[PDB]
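One-letter residues, chain by chain:
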Amino acid sequence: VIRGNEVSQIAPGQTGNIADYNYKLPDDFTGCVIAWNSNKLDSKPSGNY
Amino acid sequence: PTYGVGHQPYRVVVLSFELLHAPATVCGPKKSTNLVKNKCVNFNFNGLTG
Amino acid sequence: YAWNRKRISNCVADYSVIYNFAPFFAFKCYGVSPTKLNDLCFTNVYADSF
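Same order as they appear, the protein sequences are chains A, B and C.
If you want our numbering, it's the 1-based position in the first sequence plus 18.
If you want our numbering, it's the 1-based position in the second sequence plus 380.
If you want our numbering, it's the 1-based position in the third sequence plus 7.
In case anyone wonders, no lab produced these hints; they're calculated from the structure.
For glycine and all other residues, C-beta sits at the position ideal for the given N, C-alpha and C.
The reader is advised that the hints may include incorrect statements.
[Claimed, not checked] Sample of chain C residues facing chain A (criterion: CB under 8 Å; computed from the structure):
(1) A9
(2) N11
(3) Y26
(4) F32
(5) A33
Just chain A, same shape as in the assembly:
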């Protein structure tokens, strides 16, 4: 999972702290990316711990 404010961090070859210390795609990737909003993940006004 990512922050979701930008989804263009999972792609073959760009740099950013979301996907420079966590996940890195090779330059010969032959796969697929699917992404969608998460709504019912958690529900409290003050936020989780």
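The hints should help you fit chains B and C onto chain A, whose structure is shown.
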């Protein structure tokens, strides 16, 4: 979600597809066809068409 | 019709922090890219807004 426009996280289910060079072990819902030789026959040998 | 243009000079050019200074969704960049924007060094920047 009290704040919005991208504030919610994105679920990412990236799949990695490896080209074969090996036994396949998953292909697709096509079943079989009886083998025949010495004739002009369309091919679907392990995915690539000919 | 009355968009303000402000002049910015003699400061640290940090573009990796405007990602979370504003709740937006990516860039419509032409000519440059936001990934290697902090590695550059140029004359002036103006931030028109409306």
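Status of the hints after comparison with the structure:
1. Interface restraint check for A9 (chain C): the shortest CB-CB distance to chain A comes to about 30 Å, outside 8 Å, so the restraint is violated.
2. Proximity of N11 (chain C) to chain A is violated relative to the hint, the smallest CB-CB distance being about 26 Å (cut-off 8 Å).
3. Here the hint on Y26 (chain C) is kept, as its CB sits about 7 Å from the closest CB of chain A, short of 8 Å.
4. For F32 (chain C), the interface hint holds, the least distance from its beta-carbon to any beta-carbon of chain A being 7 Å, beneath 8 Å.
5. Below 8 Å, beta-carbon pairs count as interface contacts, and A33 (chain C) has one with chain A at about 5 Å; its hint therefore holds.
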